[PDB]
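Read the single chain below, which is given as structure tokens and is the form deposited without the named molecule.
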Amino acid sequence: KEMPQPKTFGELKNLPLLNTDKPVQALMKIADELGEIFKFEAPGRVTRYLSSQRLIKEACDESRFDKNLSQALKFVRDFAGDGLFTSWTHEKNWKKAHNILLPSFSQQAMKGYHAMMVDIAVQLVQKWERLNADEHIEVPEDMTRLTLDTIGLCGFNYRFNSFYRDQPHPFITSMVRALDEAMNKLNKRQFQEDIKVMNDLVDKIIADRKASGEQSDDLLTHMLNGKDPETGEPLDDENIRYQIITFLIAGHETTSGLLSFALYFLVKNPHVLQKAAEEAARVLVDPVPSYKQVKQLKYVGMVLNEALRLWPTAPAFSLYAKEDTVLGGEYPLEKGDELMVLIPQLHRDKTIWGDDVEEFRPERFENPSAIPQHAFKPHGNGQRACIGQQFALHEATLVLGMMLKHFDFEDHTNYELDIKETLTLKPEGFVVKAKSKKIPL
């Protein structure tokens, strides 16, 4: 009944505990010591961190809890506006965009984004094919180039051309700077400058597109043509711009982090790498992978789910209680009380996953139906779950598959995992050498 709580520092409460570069990892160690639920206080605030599937399945009951805008999400709203990621469920533009955009993010819709995803994946592979013997790969850096350019192309048919330069396109520079500043907030002149850089570019392409009348395979075309079935209204130009900025912010680092952690785990587990490589060789028989072929990369998909189990790259999400309620028969909550889902801890619940939780074993995803409800949530929950989940996984499966078809990989530095935390997680400094198998691309 009494909720555990970590060390307090007078009026600062628990605040000094996340005055660290790695607060989620600090929170996992607190969860290790205190168990499935603890109270966390800051001067004006209170939360409860949840770690067990027991309590989190209740937190995911949408009749009882809804997505909360955490402080991080409120700072990101300064440039992400009322796009899907930073809106209350009850805001009109949340429901409008959700309704219009949902079918355009379905597994079926991936068929239409496939060609441009392939476009950028081929640019990454070709870069690595062109490296000289004396060179290596900076993995998260190249995966972020890849995901930024893919979401740019698929999002609004715009080419950042990240593989053509040392210094990113100025939008990306501003976007990264802006995101950086909002997290550090947990400067102002630069912040305002970088917001303008982003709106100016995105507003222009929207204007350009409406002028030309061109119809493309991108999300922008869907959004200009879409009408909310409920209200019958379309999105206005301003919200369309926030949705575009939102896809980039929410999708670029989560997805490149996934690809990075997956290649990390594969080079640290050569038997798993070989099984994955053998599937990729058998399935991707063409110089350019097809939509259907990506779907047949089942073990690669398990690899990615298992990397998501151990290091879900957007590792915590916030909820509020809709009404007074009791959590797991022991913890009374008041309307509006906040809950944080600590997803990496959820994914380490030995009562669900067995005792070998720290082991990288993709085979645990061999039978999806065998995973109990709400045990695996790297994409959040219910109607506020990641709308980009099919996009992220199709992208990552495509690219990792191509990586394994075309190269052998070496952990030439015997890399020691160092997890950098921002809004997302990634293995900082992860580097590898790739030797080409000289297969037609």
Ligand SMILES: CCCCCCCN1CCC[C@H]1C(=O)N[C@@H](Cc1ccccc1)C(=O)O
Given for the second form:
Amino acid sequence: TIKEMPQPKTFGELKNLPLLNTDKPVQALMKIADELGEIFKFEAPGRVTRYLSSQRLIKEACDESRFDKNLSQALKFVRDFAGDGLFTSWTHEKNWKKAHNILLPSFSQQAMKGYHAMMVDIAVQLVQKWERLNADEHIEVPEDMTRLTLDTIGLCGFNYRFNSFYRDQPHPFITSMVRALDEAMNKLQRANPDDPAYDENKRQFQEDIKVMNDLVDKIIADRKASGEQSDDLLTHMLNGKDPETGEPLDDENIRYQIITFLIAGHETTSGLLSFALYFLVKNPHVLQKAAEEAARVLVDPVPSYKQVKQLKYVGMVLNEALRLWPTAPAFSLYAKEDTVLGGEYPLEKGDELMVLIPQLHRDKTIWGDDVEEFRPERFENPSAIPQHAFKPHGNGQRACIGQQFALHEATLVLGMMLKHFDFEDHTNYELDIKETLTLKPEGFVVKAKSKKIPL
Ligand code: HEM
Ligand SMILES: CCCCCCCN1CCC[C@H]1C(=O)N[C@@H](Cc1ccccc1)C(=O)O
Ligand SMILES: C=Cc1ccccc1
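Since we've got the form deposited without the named molecule here, give me the form solved in complex with the named molecule too.
Starting with the chain above, the whole complex follows.
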């Protein structure tokens, strides 16, 4: 039963490349999936991939004996500054498993307990900013979520204070990061990226990579000159030994990991919190239930590690926000050997797949007719959810190493937000999703009314 898979419209020798000539390429691809179904071929000059959107097919793609992580074009471009750090290394590069072994302990239960106080430090700064707004001032949500999440990974991970809440403009790191991600996204559709027309793009890209590396150098210099004793992510990077190869990370790889963790360790968590607050103000019944939990659990001025673990409904809110808008919205795979997908689509060794996560998460055969509805209760029983229906953290040994960090931070912060404020969608905000490879609301604003509960 070998089927022929559909393909969206082509542009002569450019094949499908011009379909990416948009500021919202993931959302365009979602619309193509709407039209063509669970699988479609997508070609560019010298490259073919296949976009998967159904749990039926993605559950086979998640078989690690058959498929391994692939670097999408996006990740090949990001590798220009993230190197063979964990996010952009191939599974078979020595430095992937070596850094995985060395850094996995930085996300253990013990490590998360050790991060908790510094997470609260930043969370309290967010709450204080909002308590100090004047009447009818509003909150710029993605902007403040980025302040929070960048500062949290900087402090917990590296004992470095970006002091984002002391700035009315983004930290220089954020400015250059966003511009670098923008460039990587825009470069996806460039048929002739070496045309001199993109000389300025190349210069600006290089300049943004230098800004990011300059900050890395300071983080490293400050640590090695410090007299204080840290036991954080940077400590493991500088001192941890791979049980297997016996070696620590070398200096070049450490720099890549710092860049990787500064970016991966906050950008998608800012998106998550922004989407979560959006869905909460758009669903006041859900907001109330989550606020009720926050009030019952967060009985002290400062939340404790144990209390955040009891914010179980807030946890389902965040999972439901990751279902509708997973902020790292795709990952890529290649076939390890010849194999047949779904009994219908033969693949040769090396053939590429793209997993289109927001479309997977809209599979009506999994979630039912009400798929566009925000209902955190869908997550009450993970055993009732079919395998590989829900993949916001990737797959297998290449799944997100920072998942627990992200969810603890987001649960803590959303819990405090709901404990301390009522929220008003005073503009009846129309969801507008900005793409920077990752996804985040743009222009989302709210008003907060303080419950006047002291910290
Ligand atoms: C809600 C927030 C987050 C989401 C949605 C997310 C999602 C993902 C996804 C989908 C992947 C797989 C990428 C691929 O297969 O190509 C990934 C990998 C990764 N994430 Fe996360 N992530 C989040 C937060 C974090 C945080 C906070 C950190 C660091 C503290 C982190 C560190 C990483 C790393 C290092 C990898 C590469 C892992 C490896 O292959 O060894 N992520 N993440
Ligand atoms: C950084 C964490 C999020 C990463 C998400 C990446 C996911 N892309 C983000 C923007 C769109 C989406 C994607 O479909 N990209 C493909 C595009 C592509 C396919 C075939 C030929 C040429 C180019 C790719 O990059 O290969
Ligand atoms: C380099 C890794 C990365 C991870 C998330 C967003 C942008 C970049």
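Heads up, when I say rigid core I mean the largest set of C-alphas that superpose within 1.5 Å between the two forms. Residue numbers count along the first chain shown, from 1.
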At a threshold of 2 angstroms on the CA positions, core aligned, which residue out of 89, 126, 192, 161 shifts between the two forms? 192
Rigid core superposed: residue 274 CA moves 2 Å or more between the two forms: no
Aligning on the rigid core, do we see the C-alpha of residue 111 shift 2 angstroms or more between the two forms? no
